[PDB]
Amino acid sequence: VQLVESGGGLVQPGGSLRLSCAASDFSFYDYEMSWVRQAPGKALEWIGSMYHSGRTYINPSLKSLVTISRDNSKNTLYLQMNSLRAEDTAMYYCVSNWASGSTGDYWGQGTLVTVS
Amino acid sequence: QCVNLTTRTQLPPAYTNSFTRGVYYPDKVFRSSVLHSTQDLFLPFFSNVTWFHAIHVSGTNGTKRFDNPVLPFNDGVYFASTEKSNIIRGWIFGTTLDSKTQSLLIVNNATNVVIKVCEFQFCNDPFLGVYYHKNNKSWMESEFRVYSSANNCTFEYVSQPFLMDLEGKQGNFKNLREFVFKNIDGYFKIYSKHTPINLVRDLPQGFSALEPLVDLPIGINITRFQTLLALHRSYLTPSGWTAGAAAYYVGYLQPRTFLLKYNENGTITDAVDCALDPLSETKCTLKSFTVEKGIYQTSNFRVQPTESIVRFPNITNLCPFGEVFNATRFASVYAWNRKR
Amino acid sequence: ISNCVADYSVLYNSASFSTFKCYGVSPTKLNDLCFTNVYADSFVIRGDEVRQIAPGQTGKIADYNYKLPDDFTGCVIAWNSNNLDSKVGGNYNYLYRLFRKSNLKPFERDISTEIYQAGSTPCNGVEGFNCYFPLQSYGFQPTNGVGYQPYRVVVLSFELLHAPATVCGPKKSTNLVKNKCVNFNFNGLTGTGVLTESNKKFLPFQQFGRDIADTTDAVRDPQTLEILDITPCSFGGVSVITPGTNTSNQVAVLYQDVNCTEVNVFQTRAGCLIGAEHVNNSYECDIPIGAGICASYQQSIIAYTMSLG
Amino acid sequence: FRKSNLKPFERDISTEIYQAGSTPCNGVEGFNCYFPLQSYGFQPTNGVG
Ligand SMILES: *[C@@H]1O[C@H](CO)[C@@H](O[C@@H]2O[C@H](CO)[C@@H](O[C@@H]3O[C@H](CO)[C@@H](O)[C@H](O)[C@H]3NC(C)=O)[C@H](O)[C@H]2NC(C)=O)[C@H](O)[C@H]1NC(C)=O
Ligand SMILES: *[C@@H]1O[C@H](CO)[C@@H](O[C@@H]2O[C@H](CO)[C@@H](O)[C@H](O)[C@H]2NC(C)=O)[C@H](O)[C@H]1NC(C)=O
Ligand SMILES: *[C@@H]1O[C@H](CO)[C@@H](O)[C@H](O)[C@H]1NC(C)=O
Ligand SMILES: *[C@@H]1O[C@H](CO)[C@@H](O)[C@H](O)[C@H]1NC(C)=O
Ligand SMILES: *[C@@H]1O[C@H](CO)[C@@H](O)[C@H](O)[C@H]1NC(C)=O
Ligand SMILES: *[C@@H]1O[C@H](CO)[C@@H](O)[C@H](O)[C@H]1NC(C)=O
Numbered sequence: 002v003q004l005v006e007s008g009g010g011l012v013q014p015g016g017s018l019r020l021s022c023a024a025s026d027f028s029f030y031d032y033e034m035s036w037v038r039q040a041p042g043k044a045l046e047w048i049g050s051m052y053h054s055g056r057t058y059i060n061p062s063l064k065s066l067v068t069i070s071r072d073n074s075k076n077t078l079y080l081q082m083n084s085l086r087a088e089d090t091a092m093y094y095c096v097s098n099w100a101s102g103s104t105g106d107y108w109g110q111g112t113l114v115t116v117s
Numbered sequence: 014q015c016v017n018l019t020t021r022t023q024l025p026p027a028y029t030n031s032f033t034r035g036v037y038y039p040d041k042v043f044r045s046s047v048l049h050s051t052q053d054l055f056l057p058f059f060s061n062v063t064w065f066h067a068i069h070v071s072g073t074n075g076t077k078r079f080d081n082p083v084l085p086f087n088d089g090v091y092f093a094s095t096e097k098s099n100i101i102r103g104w105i106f107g108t109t110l111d112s113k114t115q116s117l118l119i120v121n122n123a124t125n126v127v128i129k130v131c132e133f134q135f136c137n138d139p140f141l142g143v144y145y146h147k148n149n150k151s152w153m154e155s156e157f158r159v160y161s162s163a164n165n166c167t168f169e170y171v172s173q174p175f176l177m178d179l180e181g182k183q184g185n186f187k188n189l190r191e192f193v194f195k196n197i198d199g200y201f202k203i204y205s206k207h208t209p210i211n212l213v214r215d216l217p218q219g220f221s222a223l224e225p226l227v228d229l230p231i232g233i234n235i236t237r238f239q240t241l242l243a244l245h246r247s248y249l250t251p256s257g258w259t260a261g262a263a264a265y266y267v268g269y270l271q272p273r274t275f276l277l278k279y280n281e282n283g284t285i286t287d288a289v290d291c292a293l294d295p296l297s298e299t300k301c302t303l304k305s306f307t308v309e310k311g312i313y314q315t316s317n318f319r320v321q322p323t324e325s326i327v328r329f330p331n332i333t334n335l336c337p338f339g340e341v342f343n344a345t346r347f348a349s350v351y352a353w354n355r356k357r
Numbered sequence: 358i359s360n361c362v363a364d365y366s367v368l369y370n371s372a373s374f375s376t377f378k379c380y381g382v383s384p385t386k387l388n389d390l391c392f393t394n395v396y397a398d399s400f401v402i403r404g405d406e407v408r409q410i411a412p413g414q415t416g417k418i419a420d421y422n423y424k425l426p427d428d429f430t431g432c433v434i435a436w437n438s439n440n441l442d443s444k445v446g447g448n449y450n451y452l453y454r455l456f457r458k459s460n461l462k463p464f465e466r467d468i469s470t471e472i473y474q475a476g477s478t479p480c481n482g483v484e485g486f487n488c489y490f491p492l493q494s495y496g497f498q499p500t501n502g503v504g505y506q507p508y509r510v511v512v513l514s515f516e517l518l519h520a521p522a523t524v525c526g527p528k529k530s531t532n533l534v535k536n537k538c539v540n541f542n543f544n545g546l547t548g549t550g551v552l553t554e555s556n557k558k559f560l561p562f563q564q565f566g567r568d569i570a571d572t573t574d575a576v577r578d579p580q581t582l583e584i585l586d587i588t589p590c591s592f593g594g595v596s597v598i599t600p601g602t603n604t605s606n607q608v609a610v611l612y613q614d615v616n617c618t619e620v641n642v643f644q645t646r647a648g649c650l651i652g653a654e655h656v657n658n659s660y661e662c663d664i665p666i667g668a669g670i671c672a673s674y675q690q691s692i693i694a695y696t697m698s699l700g
Numbered sequence: 456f457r458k459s460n461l462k463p464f465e466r467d468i469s470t471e472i473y474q475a476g477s478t479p480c481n482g483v484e485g486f487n488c489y490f491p492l493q494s495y496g497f498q499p500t501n502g503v504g
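Residue numbers (the authors' numbering), protein chains in the order written: chain V, 2 to 117; chain A, 14 to 251, 256 to 357; chain C, 358 to 620, 641 to 675, 690 to 700; chain B, 456 to 504.
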């Protein structure tokens, strides 16, 4: 498959989870990677944006909370979330080229973020 | 898919005789029992039909060879093909036979026809990608091996497929599909018709009034084209490509003058040229198919020139426009520094 | 967009937009005005920059997103999306750019996110002194002014290339009447005549037909596929039968080959002659009319049949 | 804009508001009924044309 995602299930607040987003080749990595959320009723909120030029620009109140790591063997992205909240409880997607609309992107299988 | 096994067949075209072929309705106008003279592109009668015999099963044991060279498209071409099956997948009209330039494609895809002109990425061998998925036992119908990729599609056409098999009688028809593809004023017109044939290989002497099907306002000029051929992956049997054999004909169109006989239903019944022999050219002047005895004045004969000759003076003194156009100072308005 | 029918008329009255700025293209005549291609361009622009969607006004967006060209062929359209995109808390989704190597030329998808300097010191792969983030985000608040409200903008641009036109919408149609002189317009065929039902036998690829001397006789309407005959309705010259002004003043007028049912009245082979009574007698007449019928004044104009002898 | 074309050597003084869009204004200012008169901007360093 050209673009896929991995990792997820149940996320423990405070801890670190090594999420993944695999693919088939680096030539399909134009121009962006992003791990976003689409909450019911909430407007567009993007939690991550990995760029083709090796840049990660995030909301200033989020980039400190997010670790960034990019791979090229499996072309996977490593991102860690801590102190989780219920506002992220959605079908958590790994959307490559999120800003490129809903035709030049892949929507992953999805997971959930729940706080006990 | 991508089978280059010919190695022997680039034979000169075995020219044969086309008796009465290439007659078409060059309009969408009804006429009843009248004779009309038109100046369009037609196939001359009794002309050398350029026969590019298709895949040759020289019979000792198989030995099938691809016989589809890329052929030029000056102004218009006439096509004939027996095609007991749908051996020819379509056509490869284009200009550069490479990327960076659009190319018109017709794909058989024998459920519906998809006429596409797009940007393409010419492969090693352009043929409809037809392989098993290894599941569902379904042959592929992708253009991803017709061209390595497809992008920037400006036109797509969906309709009933062009090639209809109306035989239903185990042969004795042979369905000589006749095609002429004409590009005038940035358009593209598709003409075809299905007829029965009892002859073995030679074209029949009967009249085939062929009706137009669709017109394409692509706007893309074509100066070169190639034809497709059938391809299927082999099996685990005690490789196997191009099941069967075919025979494909090519004829080029030239600007000639015809007079078309119209029946009382508007269908063309006969057609006579105006440049083959004096008798046919005489019928054009009188606008009738029957001429009584006597003497007629038709046209005049002119001895065409053979070459050209130019005689100019031998001086090569290199006129001094450098000192005039690039003069150091252009003179005043009332003192014209005229330089003979 | 190519080879499609554009419903511009419904756009003007379906809803209300923010602005409709056209230069060289009248708004109401877009229904019959023709181009070659149509581009649908998707825009998200701040409310304060809504008036700044014009050649001459720039900013953080108009100087680095896509410079507006001087060859606009089309018009701009925007609408209020406050109920869909404006909320208390703000939105920080769509990207900014601060400075780059140069301003992005019109129609150049320079989507890349390379590192650029605002000053002159090198970045060395680390953003900092004179090397800042070339990406930021929107901010919109309903508690703010009108200029800080989100909008959805869609702008149309066209083409006039050297190719046949493909995108126009003919929302024009009229009913069909028969046996009357009508200035019909059947898919470009313009003329005058009476429409009558025909008994001809067409083929399903022939728009119309002409019998002899390039004169149209049958026309096929491209809506219900019927063959309609064409005939120019009655005409002809008018001639006056007079015995001379000095002799008298009563005159009779002729209508050449025109049935008076479509216009004393006497029916002749050369049209209905009106103004003269037809007598059953037969005299040696003086003024000829046609087909053996004549006229003479002897105290009114009376028509006869020629008496040879 | 105008309702129709102008006859040769014709005068226009009336400046009544007329429909310029798709909704009926009946004399109401704003959308779909444009104010006709507009003012140019002549700058010393403006374009050549
Ligand atoms: C679909 O859109 C365009 C046509 O509709 C195609 O663009 C053409 O192909 C090239 C890719 O943009 C362009 O060449 C690029 O532009 C300049 C000219 O040499 C160079 O700076 C670039 O290096 C060059 N790109 C490469 C790899 O060399 C053509 O100029 C351009 N031609 C026109 C008329 O637009 C696109 O190719 C096509 N989209 C895709 C993905 O192929
Ligand atoms: C086409 O022309 C021929 C005669 O020139 C006609 O074909 C047949 O003519 C008879 C005359 O009544 C009809 O009864 C038949 O129905 C026609 N054959 C068929 C298959 O219909 C006919 O007048 C013309 N039109 C057609 C065939 O559609
Ligand atoms: C066809 O080609 C051959 C030689 O190539 C020539 O001799 C022959 O006259 C041609 N036939 C016609 C009808 O022109
Ligand atoms: C040009 O013509 C010939 C060259 O063969 C020669 O006499 C000489 O170069 C020229 N003659 C003239 C200019 O008379
Ligand atoms: C005139 O001068 C320019 C630059 O010096 C040069 O490029 C050009 O070729 C000259 N024109 C002619 C007719 O010699
Ligand atoms: C054209 O449209 C009308 C109704 O929309 C329909 O009755 C008629 O059959 C249509 N004719 C064709 C040729 O589609």
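Do not rely on the hints blindly, as some may be mistaken.
Unchecked claim - Straight line, CA to CA, 20 Å or less: simulated SDA-like cross-link-like pairs of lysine to any residue:
1. C:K558 <-> A:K129
2. V:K43 <-> C:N439
3. A:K129 <-> A:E180
4. A:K41 <-> C:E583
5. A:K195 <-> A:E169
6. C:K378 <-> B:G496
7. A:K41 <-> C:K378
Just so you know, these hints were derived from the structure itself, not from any lab.
Quick rundown of the hints versus the structure:
Between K558 (chain C) and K129 (chain A) the CA atoms are separated by roughly 35 Å; this puts the pair beyond 20 Å, and the hint is violated. Restraint check for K43 (chain V) and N439 (chain C): satisfied, since their Cα atoms lie roughly 14 Å apart, inside the 20 Å limit. For the suggested pair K129 (chain A) and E180 (chain A), the alpha carbons sit about 29 Å apart, so the restraint of at most 20 Å is broken. For the hint linking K41 (chain A) to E583 (chain C), the alpha-carbon distance of about 15 Å falls within 20 Å, and the restraint holds.
With a C-alpha separation of about 19 Å, the suggested pairing of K195 (chain A) with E169 (chain A) holds against the 20 Å cut-off. Under the criterion of a C-alpha separation no larger than 20 Å, the hint pairing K378 (chain C) with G496 (chain B) is consistent with the structure, at around 17 Å. For the hint pairing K41 (chain A) with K378 (chain C), the CA-to-CA distance comes to about 43 Å; that exceeds 20 Å, so the pair is violated.
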